[PDB]
Amino acid sequence: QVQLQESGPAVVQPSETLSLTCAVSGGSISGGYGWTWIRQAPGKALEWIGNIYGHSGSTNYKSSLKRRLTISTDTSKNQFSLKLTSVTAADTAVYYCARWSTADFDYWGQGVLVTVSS
Amino acid sequence: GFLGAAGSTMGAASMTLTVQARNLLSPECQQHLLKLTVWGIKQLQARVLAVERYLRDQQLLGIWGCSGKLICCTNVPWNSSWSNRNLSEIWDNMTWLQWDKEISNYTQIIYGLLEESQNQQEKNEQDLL
Amino acid sequence: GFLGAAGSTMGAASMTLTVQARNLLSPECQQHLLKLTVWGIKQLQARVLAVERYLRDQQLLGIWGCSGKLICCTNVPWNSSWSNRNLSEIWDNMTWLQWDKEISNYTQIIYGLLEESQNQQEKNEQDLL
Amino acid sequence: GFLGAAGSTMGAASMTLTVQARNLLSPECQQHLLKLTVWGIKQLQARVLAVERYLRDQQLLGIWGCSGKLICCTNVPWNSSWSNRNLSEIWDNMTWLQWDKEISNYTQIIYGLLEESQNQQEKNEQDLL
Amino acid sequence: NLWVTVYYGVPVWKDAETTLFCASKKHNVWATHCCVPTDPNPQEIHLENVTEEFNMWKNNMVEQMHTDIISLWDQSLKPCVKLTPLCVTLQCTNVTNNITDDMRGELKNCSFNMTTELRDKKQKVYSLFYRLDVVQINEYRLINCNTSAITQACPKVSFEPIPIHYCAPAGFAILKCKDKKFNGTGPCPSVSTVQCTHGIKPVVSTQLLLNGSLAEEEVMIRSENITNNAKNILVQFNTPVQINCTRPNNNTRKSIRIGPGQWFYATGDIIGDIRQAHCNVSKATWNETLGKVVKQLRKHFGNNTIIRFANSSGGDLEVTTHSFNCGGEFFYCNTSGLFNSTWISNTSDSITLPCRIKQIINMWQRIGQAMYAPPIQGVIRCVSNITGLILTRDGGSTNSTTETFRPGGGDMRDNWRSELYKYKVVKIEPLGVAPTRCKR
Amino acid sequence: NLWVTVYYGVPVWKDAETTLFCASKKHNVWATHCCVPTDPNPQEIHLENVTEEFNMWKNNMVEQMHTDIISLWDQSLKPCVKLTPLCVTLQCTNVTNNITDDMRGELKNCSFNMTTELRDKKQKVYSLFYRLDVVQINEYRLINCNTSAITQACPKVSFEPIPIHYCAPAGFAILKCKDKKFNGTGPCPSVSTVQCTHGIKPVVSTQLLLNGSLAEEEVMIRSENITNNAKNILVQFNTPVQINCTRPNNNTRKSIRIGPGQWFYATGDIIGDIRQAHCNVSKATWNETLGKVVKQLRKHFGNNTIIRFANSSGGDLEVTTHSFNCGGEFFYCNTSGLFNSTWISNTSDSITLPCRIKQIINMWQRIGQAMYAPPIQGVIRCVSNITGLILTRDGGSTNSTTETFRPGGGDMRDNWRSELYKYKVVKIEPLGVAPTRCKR
Ligand SMILES: *[C@@H]1O[C@H](CO)[C@@H](O[C@@H]2O[C@H](CO)[C@@H](O[C@@H]3O[C@H](CO[C@H]4O[C@H](CO)[C@@H](O)[C@H](O)[C@@H]4O)[C@@H](O)[C@H](O[C@H]4O[C@H](CO)[C@@H](O)[C@H](O)[C@@H]4O[C@H]4O[C@H](CO)[C@@H](O)[C@H](O)[C@@H]4O)[C@@H]3O)[C@H](O)[C@H]2NC(C)=O)[C@H](O)[C@H]1NC(C)=O
Ligand SMILES: *[C@@H]1O[C@H](CO)[C@@H](O[C@@H]2O[C@H](CO)[C@@H](O[C@@H]3O[C@H](CO[C@H]4O[C@H](CO)[C@@H](O)[C@H](O)[C@@H]4O)[C@@H](O)[C@H](O[C@H]4O[C@H](CO)[C@@H](O)[C@H](O)[C@@H]4O[C@H]4O[C@H](CO)[C@@H](O)[C@H](O)[C@@H]4O)[C@@H]3O)[C@H](O)[C@H]2NC(C)=O)[C@H](O)[C@H]1NC(C)=O
Ligand SMILES: *[C@@H]1O[C@H](CO)[C@@H](O[C@@H]2O[C@H](CO)[C@@H](O[C@@H]3O[C@H](CO)[C@@H](O)[C@H](O)[C@@H]3O)[C@H](O)[C@H]2NC(C)=O)[C@H](O)[C@H]1NC(C)=O
Ligand SMILES: *[C@@H]1O[C@H](CO)[C@@H](O[C@@H]2O[C@H](CO)[C@@H](O[C@@H]3O[C@H](CO)[C@@H](O)[C@H](O)[C@@H]3O)[C@H](O)[C@H]2NC(C)=O)[C@H](O)[C@H]1NC(C)=O
Ligand SMILES: *[C@@H]1O[C@H](CO)[C@@H](O[C@@H]2O[C@H](CO)[C@@H](O)[C@H](O)[C@H]2NC(C)=O)[C@H](O)[C@H]1NC(C)=O
Ligand SMILES: *[C@@H]1O[C@H](CO)[C@@H](O[C@@H]2O[C@H](CO)[C@@H](O)[C@H](O)[C@H]2NC(C)=O)[C@H](O)[C@H]1NC(C)=O
Ligand SMILES: *[C@@H]1O[C@H](CO)[C@@H](O[C@@H]2O[C@H](CO)[C@@H](O)[C@H](O)[C@H]2NC(C)=O)[C@H](O)[C@H]1NC(C)=O
Ligand SMILES: *[C@@H]1O[C@H](CO)[C@@H](O[C@@H]2O[C@H](CO)[C@@H](O)[C@H](O)[C@H]2NC(C)=O)[C@H](O)[C@H]1NC(C)=O
Ligand SMILES: *[C@@H]1O[C@H](CO)[C@@H](O[C@@H]2O[C@H](CO)[C@@H](O)[C@H](O)[C@H]2NC(C)=O)[C@H](O)[C@H]1NC(C)=O
Ligand SMILES: *[C@@H]1O[C@H](CO)[C@@H](O[C@@H]2O[C@H](CO)[C@@H](O)[C@H](O)[C@H]2NC(C)=O)[C@H](O)[C@H]1NC(C)=O
Ligand SMILES: *[C@@H]1O[C@H](CO)[C@@H](O[C@@H]2O[C@H](CO)[C@@H](O)[C@H](O)[C@H]2NC(C)=O)[C@H](O)[C@H]1NC(C)=O
Ligand SMILES: *[C@@H]1O[C@H](CO)[C@@H](O[C@@H]2O[C@H](CO)[C@@H](O)[C@H](O)[C@H]2NC(C)=O)[C@H](O)[C@H]1NC(C)=O
Ligand SMILES: *[C@@H]1O[C@H](CO)[C@@H](O[C@@H]2O[C@H](CO)[C@@H](O)[C@H](O)[C@H]2NC(C)=O)[C@H](O)[C@H]1NC(C)=O
Ligand SMILES: *[C@@H]1O[C@H](CO)[C@@H](O)[C@H](O)[C@H]1NC(C)=O
Ligand SMILES: *[C@@H]1O[C@H](CO)[C@@H](O)[C@H](O)[C@H]1NC(C)=O
Ligand SMILES: *[C@@H]1O[C@H](CO)[C@@H](O)[C@H](O)[C@H]1NC(C)=O
Ligand SMILES: *[C@@H]1O[C@H](CO)[C@@H](O)[C@H](O)[C@H]1NC(C)=O
Ligand SMILES: *[C@@H]1O[C@H](CO)[C@@H](O)[C@H](O)[C@H]1NC(C)=O
Ligand SMILES: *[C@@H]1O[C@H](CO)[C@@H](O)[C@H](O)[C@H]1NC(C)=O
Ligand SMILES: *[C@@H]1O[C@H](CO)[C@@H](O)[C@H](O)[C@H]1NC(C)=O
Ligand SMILES: *[C@@H]1O[C@H](CO)[C@@H](O)[C@H](O)[C@H]1NC(C)=O
Ligand SMILES: *[C@@H]1O[C@H](CO)[C@@H](O)[C@H](O)[C@H]1NC(C)=O
Ligand SMILES: *[C@@H]1O[C@H](CO)[C@@H](O)[C@H](O)[C@H]1NC(C)=O
Ligand SMILES: *[C@@H]1O[C@H](CO)[C@@H](O)[C@H](O)[C@H]1NC(C)=O
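Chains as they are written, first to last, in the entry's author numbering: chain H, 1 to 35, 35A, 36 to 52, 52A, 53 to 82, 82A to 82C, 83 to 113; chain E, 521 to 546, 559 to 661; chain F, 521 to 546, 559 to 661; chain B, 521 to 546, 559 to 661; chain D, 33 to 56, 64 to 141, 150 to 185, 190 to 309, 312 to 323, 323A, 324 to 400, 412 to 503; chain A, 33 to 56, 64 to 141, 150 to 185, 190 to 309, 312 to 323, 323A, 324 to 400, 412 to 503.
A portion of the hints provided could be inaccurate.
[Stated by the list, open to error] Capping the alpha-carbon separation at 16 Å, the derived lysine to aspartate or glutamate pairs in EDC-like fashion look like this:
hint : chain 1 : residue 1 : chain 2 : residue 2
1    : B       : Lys601    : F       : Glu560
2    : B       : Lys567    : D       : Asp322
3    : A       : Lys64     : B       : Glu560
4    : A       : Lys502    : F       : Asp659
5    : D       : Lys169    : A       : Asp113
6    : D       : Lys155    : D       : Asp322
7    : E       : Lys601    : B       : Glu647
8    : F       : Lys567    : D       : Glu92
These aren't lab readings, by the way, just hints derived from the structure by calculation.
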């Protein structure tokens, strides 16, 4: 049904801003779902970044990223996106977008492997 | 615990002023009074009147410079015409009920004098600075 | 005996503050108002409102440290922008009605400053002890 | 601007007492409440009750000698049974909500003692003169 | 040099919108309405200077009277009979016996089937009626049946217009304007403070104001806007005009039990001749009075224009006639005989006004309600003081030819502002500040 | 070392039981009920920490609304017509003209002898009626005659559910819980103080909650006790479901004078075809919505149990149907078409709900009273937001087989606590003591 698909830079340099867009098809961006960013650092377990609701904003961010991280949507393209400023080496991960519903993530994208490197 | 001092001499009863002064502001009815509201009117009138009386006493103490404390000296000489009596004849031998009767007709004389004593005192302080 | 000072200069009228302040709390109807009780409502509303106004004035004097007496100095410098006038120009030549108009738009400025002057004064006393 | 201090330590919150105290006395309905007057009764009851509560607080401060100012020392020793705590443990670390709970069951003990402290103080002044 | 110093008890004020007390027979509604005594009222405090601004056309004391008088009236008559059952088909003929010609067709004699106290029996009763209360079917019905069940005013409720005084509540004061010939607005130079106003008689009327106060010096003509023909002109006379009104015909009253404790009062047979009600106005007095009015009126009109008085054309009784209540009955008198003149702007014993009466009275416009005044036995004799007039302009194109002026009706507010123009209520504001050379 | 020191203005409080003000069309009852303005309300003060304890199931603001709304309703309609005289034997036939099959027997055409304004004449009148208001004798009578004289709601009184706000009186404050997904009880970690609540629309309904607020994030299922089948479950949706309701049939209205100022409104002949009232609920939207509800519901149920939705069996219209008022008319719609599903616990365009209407409405249980809504002319079109549901469990023995759940009725308290759960009112207690190192 719902298909999510990430896109954006594979390589971002240190200190720059990483911007990943997750297109939504097979459903609306405006629905009552938690659009969520999750990343898995290479060799590591999966880590939650934050989310936003299709009908309300009302976001949730990992607190350690709140000063660098913005999550927003664009309803004209039926998409949501992840904006992370001042990236560092520790931010290398494969970033995935997912659709949160009630108790689990019903839908997942493919992910973008992002390397932070000059 | 309330009016037991009303028979004590005025002097002895001066220690119970707190006892009497402290009582001045002392479901189901909640629904009953909102129906047949004449009862509600009577209760509101009673509450309001208690408040008005309270405030007038406070206003009198305010105007005389006696707001705060239960006993204040006002510097108005006692006129021994209002009561040509010794303190040993009244404080030690009379009760407040008797005393109130003894000088009931000077109440308004004294109160006017008390207001002026305060007016002069405030004027003097403002004139000094 | 009441508002005759409203035309006197502010200075002269300072001696009548008592005259006006003292009037603030100033059978048959007893049965009439318990019937056709809308009349009872009007009377209760009037009584209550008089009380509320009275208490708000007292609360303002309380918060500014001017509860008690009719005249108090509050240590807030007069800002000659509120009124860039001499005392001989206002106390001796203006009436209170004129004055009230002259600075009507600073009422809230002054009151906020007065509240803080008192806050600082109480703090200082508590800090001393 | 009102209750934001309710979580601050008691010490920090001592600077907002004015902020909370100042809010205590805070057409069309004019005709609506004179009809279907049960609504008028509810409004009058609310107004009256606010006044009564206000006056009882003032009466308590009056009887304890704390009428005027927001903070007063009353010379009643603190009994470290009511609360066997250090000031650095309560003023610096507890909020007023927590504190009120901590000693809620001594409210009446302290108040009775406060009334007597004042009774003794007034007696002493009258005895001196 | 100077610091804020707070002064409490400062003699200042602001315009107020408040409720006045009322202050003062057994049956009189005002007597029982406000028991608050008044008489010892040398409480008038002259204020030097001040020069307060008044505007009688915006006076909220007038508005208060309107609301309270209507309420008192309705409350007083609410618990009476409620003659709903009287609204039935009537069988009527005219009264044709000891009558004059001016009364032909004026009175009806109607019979009907009225209920009795038992809910199974009827009685045949009759009453005489005035034609103004009865409407022909296509048989007759009472006219009110079109919109309202009506009541019967209680015979034990008195509306004699005894004067009442209004008094301000604590925190408020009333400023009285003593400026002789004050027109009604602006900076009145001479004022005084009272707690209570003088007494005002709550007299209800159209066209001619009765039993009010008289001007202290000269006739006063005042209006909100003298050049606006949409506004009423109030005229206060400095001398009264005597008017003698009567209701001839010695009437009797029946008492019919229509239900278990419900009595209806019917008009019974008339004793003696049946004659028309009327009012007598002194001819010379009226002439002099209008002469004074026009001489004053001319202040606002072109030189040597010609001013006339005219018949009160309009669509109803409360519009075209002089309504009033006296002796308990409601009169509707024809004043066309008074308002008929030309003043030329260069000039060198009883006017009888025919009058009719009614029982089913709506009182204040309204659609429904109405009080059915009960009959009064015997005869009525009333003598009143005409103290003023309410008039309007035509406002047409001007080619000389000044308005021919007409007396008229309006609501009750205009019959009160004519007295209330002297008073304003203000709120006392005792707390204020000024700079002073002092510190704590 | 330390002495009692008294501090006044201390920022503390206790739970309160008080009366809130209400704050805000000409005819709307809430518009005229509370004139107290509200809009400029950035008066929300965030409180750090605090962690106040809430319990929506004990919220006395809900109780206040119940009492005040009923009172306002009754007061507003008390002074209307009081159609006692309409309770007579009716002569009826069915309406059989331009009709559909689903309306056969739905409408009656009844004639009767009505009174006229004169207490001696009758008139033959007729009105169309819905069968739900009319009961056959052994001829017909109005159904209410068994217990009550009924009134006629005034055509000039509007019950459009405009939102109102509640505000605390001085000495009290309202604590708002901002904890997203707060279930309704316990230590809400994030609160703020307001003097006034947000506006709430006083919408009356059963089964489906209309035009309320939506959940900020996800669907919330809350109940006093989730394991007690005697308790209702309130469900708040995070998205609205669009429901389009209509009453076809272009109706007209008669106006019959039944007495002296008493008018009755009858239903006249219908213009065009006579069709059944109904509501349209988006099929996909409803499906998605319940899917979200069950996914949340499962939190409290056994693994992979099977959950179903079912028909609202019960004994009355206010029990089994979706009642609401829109366009001024009272609808009773059949929701069995919505509550019919199995979720399998492993799964991968307009539902039409037939609906009937009534005029004789009791409103709040009760035995007597009832308001006879007058007819509305023309047609009715309503679009509403379904914002939530009220459901119950069966509570039977468990052998897997989870409840088949049913929507249902209840009193109005449950349609308000769904919004009021966010608010608590407390009493401010400014006076208190603490030890301090000082003496006078
Ligand atoms: C402008 O101002 C004038 C002046 O005040 C005013 O006219 C006056 O109106 C009042 C009321 O309409 C008139 O008073 C009535 O007078 C008659 C006549 O009685 C005379 O003789 C007695 C003998 O002792 C004298 O005391 C008295 O003064 C007269 O000389 C009275 O009979 C009237 O009283 C009856 O009616 C009252 C109605 O409320 C009852 O309350 C009262 O109990 C009396 O009722 C009894 O008798 C009735 C007779 O049929 C009977 O039906 C009842 O059941 C009951 O038994 C009343 O006193 C006064 O005389 C008028 N003044 C003049 C000069 O005529 C104008 O009306 C006023 N203008 C306007 C527009 O307001
Ligand atoms: C959930 O929320 C929705 C959204 O608000 C709400 O639905 C709305 O309900 C209201 C009230 O039922 C609807 O308002 C009515 O709309 C009709 C249609 O008028 C249209 O055209 C005019 C032209 O200027 C527009 O202004 C207007 O907005 C519409 O586009 C109006 O005719 C209604 O007014 C009449 O009835 C009122 C009843 O109180 C009268 O007060 C008013 O004076 C009008 O009466 C006159 O006309 C009558 C016609 O026969 C006549 O009988 C009367 O005597 C008199 O002459 C009213 O404005 C609004 O449109 C609905 N919104 C939608 C989208 O449909 C839901 O009801 C709500 N759900 C629940 C359960 O509460
Ligand atoms: C208004 O109409 C009524 C109804 O006709 C008139 O009353 C009627 O008056 C006549 C004459 O007074 C009454 O006749 C009586 O008959 C008895 C029979 O024995 C006789 O003894 C009496 O002397 C008298 O003749 C008649 O009964 C009476 N009707 C009623 C119902 O009372 C009334 O007089 C008319 N009023 C006017 C102003 O015309
Ligand atoms: C409900 O029942 C009433 C009562 O029968 C129906 O009203 C009746 O309708 C008929 C036909 O419209 C009316 O007949 C009229 O007769 C006159 C005679 O000259 C004729 O000129 C008219 O053109 C018409 O034929 C009849 O008077 C009327 N009755 C009443 C009391 O008004 C009503 O239509 C029925 N409504 C429905 C929905 O069935
Ligand atoms: C009421 O009168 C009695 C006397 O009749 C008062 O009694 C006095 O009590 C004190 C107590 O120590 C004694 O010392 C006095 O000698 C008593 N008086 C006499 C005359 O013996 C009593 O105090 C009076 N009133 C009250 C309220 O106690
Ligand atoms: C009202 O204005 C008059 C002046 O127009 C004030 O009269 C003063 O009265 C005192 C009394 O001793 C005189 O010494 C002054 O010289 C008078 N003024 C003038 C200009 O001559 C009067 O005081 C003013 N208001 C009131 C309330 O008295
Ligand atoms: C609510 O709790 C927080 C801590 O959880 C308090 O925050 C303090 O804020 C001051 C501001 O300068 C800091 O110096 C403190 O260090 C903070 N506390 C901690 C533990 O870091 C906050 O003051 C409390 N309540 C209110 C009303 O502010
Ligand atoms: C009171 O009611 C009776 C009964 O209806 C009326 O008298 C009837 O009038 C009709 C008119 O033609 C006659 O045909 C009947 O025979 C009469 N019956 C009786 C018993 O008289 C009577 O006219 C009504 N009276 C009034 C004054 O309205
Ligand atoms: C009452 O008389 C005063 C005059 O004392 C009128 O006030 C004047 O109105 C004209 C109108 O343009 C102004 O230009 C004058 O300046 C006004 N005079 C004052 C002193 O303000 C007042 O309008 C008259 N009011 C009525 C009701 O006729
Ligand atoms: C208005 O005045 C005119 C003029 O006096 C009245 O008309 C005259 O009335 C007398 C009455 O007997 C007649 O004799 C005259 O012949 C009438 N004049 C004319 C020209 O016909 C007129 O009636 C007065 N109107 C009113 C309402 O009194
Ligand atoms: C209105 O009342 C009349 C009078 O009782 C009813 O008509 C009577 O109906 C009975 C029934 O058998 C007949 O025997 C009478 O002859 C009828 N009388 C008349 C004058 O028609 C009439 O049906 C009632 N109408 C309604 C609609 O209820
Ligand atoms: C709302 O959620 C809270 C959890 O934050 C529930 O409170 C818990 O209830 C269980 C029941 O046994 C207790 O053991 C926990 O200690 C409670 N937690 C806290 C923080 O007190 C609460 O019951 C839920 N309320 C509703 C209405 O579902
Ligand atoms: C509940 O769902 C069942 C299953 O879809 C509905 O029954 C079917 O309704 C369709 C409607 O045309 C029929 O064609 C099927 O044959 C029905 N199934 C069976 C087994 O008979 C049932 O009507 C639904 N109930 C409601 C209230 O909508
Ligand atoms: C009753 O009044 C009408 C009014 O014109 C009149 O025609 C009729 O002749 C009058 N009846 C009698 C008996 O005079
Ligand atoms: C009764 O009311 C109707 C309503 O239009 C009106 O036409 C008629 O003239 C009224 N009756 C009278 C006597 O005015
Ligand atoms: C009214 O009656 C009195 C009684 O003496 C009389 O003097 C006066 O002239 C009369 N007035 C008129 C207009 O007749
Ligand atoms: C009133 O004035 C007119 C003016 O011409 C005069 O003719 C008439 O006789 C006067 N009436 C009286 C009573 O003097
Ligand atoms: C006064 O008379 C002259 C004469 O022609 C005229 O023009 C003028 O308009 C008159 N004044 C008024 C105000 O009518
Ligand atoms: C007064 O009676 C005359 C008689 O011709 C009539 O023309 C006039 O319209 C009547 N006026 C009123 C107000 O009744
Ligand atoms: C009226 O409804 C009843 C209900 O069963 C029906 O039997 C009867 O035939 C209907 N009458 C008509 C005319 O359809
Ligand atoms: C009327 O009341 C009786 C009382 O028991 C009841 O049995 C009957 O069913 C009621 N009528 C209707 C239509 O329910
Ligand atoms: C309700 O009407 C609106 C009008 O545009 C429409 O868009 C919506 O889909 C309708 N809803 C249903 C359930 O038909
Ligand atoms: C609702 O869900 C059921 C689950 O099997 C499905 O069969 C049905 O087609 C769905 N309806 C819509 C409108 O998608
Ligand atoms: C979960 O499944 C197991 C399978 O046997 C069952 O025993 C257990 O009771 C189920 N849990 C619940 C809560 O129903």
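Going down the list of hints, with the structure as the test:
1. With a CA separation close to 45 Å, the supplied pair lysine 601 of chain B and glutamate 560 of chain F exceeds the 16 Å bound.
2. Proposed proximity of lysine 567 of chain B and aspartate 322 of chain D is contradicted: the alpha carbons are some 44 Å apart, above 16 Å.
3. Of the supplied pair hints, the one linking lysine 64 of chain A and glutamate 560 of chain B holds, its CA atoms being roughly 13 Å apart against a limit of 16 Å.
4. Taken as a hint, the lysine 502 of chain A and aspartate 659 of chain F pair is honoured in the structure, with Cα atoms around 12 Å apart against an allowance of 16 Å.
5. Taking the CA atoms of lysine 169 of chain D and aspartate 113 of chain A, the gap is near 37 Å; set against the 16 Å cutoff, the hint is violated.
6. Of the supplied pair hints, the one linking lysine 155 of chain D and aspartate 322 of chain D holds, its CA atoms being roughly 11 Å apart against a limit of 16 Å.
7. At roughly 11 Å between alpha-carbon atoms, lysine 601 of chain E and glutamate 647 of chain B fall within 16 Å of each other, so this suggested pair holds.
8. Our distance criterion of 16 Å between C-alpha atoms is broken by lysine 567 of chain F and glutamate 92 of chain D, whose separation comes to about 39 Å.
In summary, the structure is inconsistent with hints 1, 2, 5 and 8 from the numbered list given earlier, while agreeing with the others.
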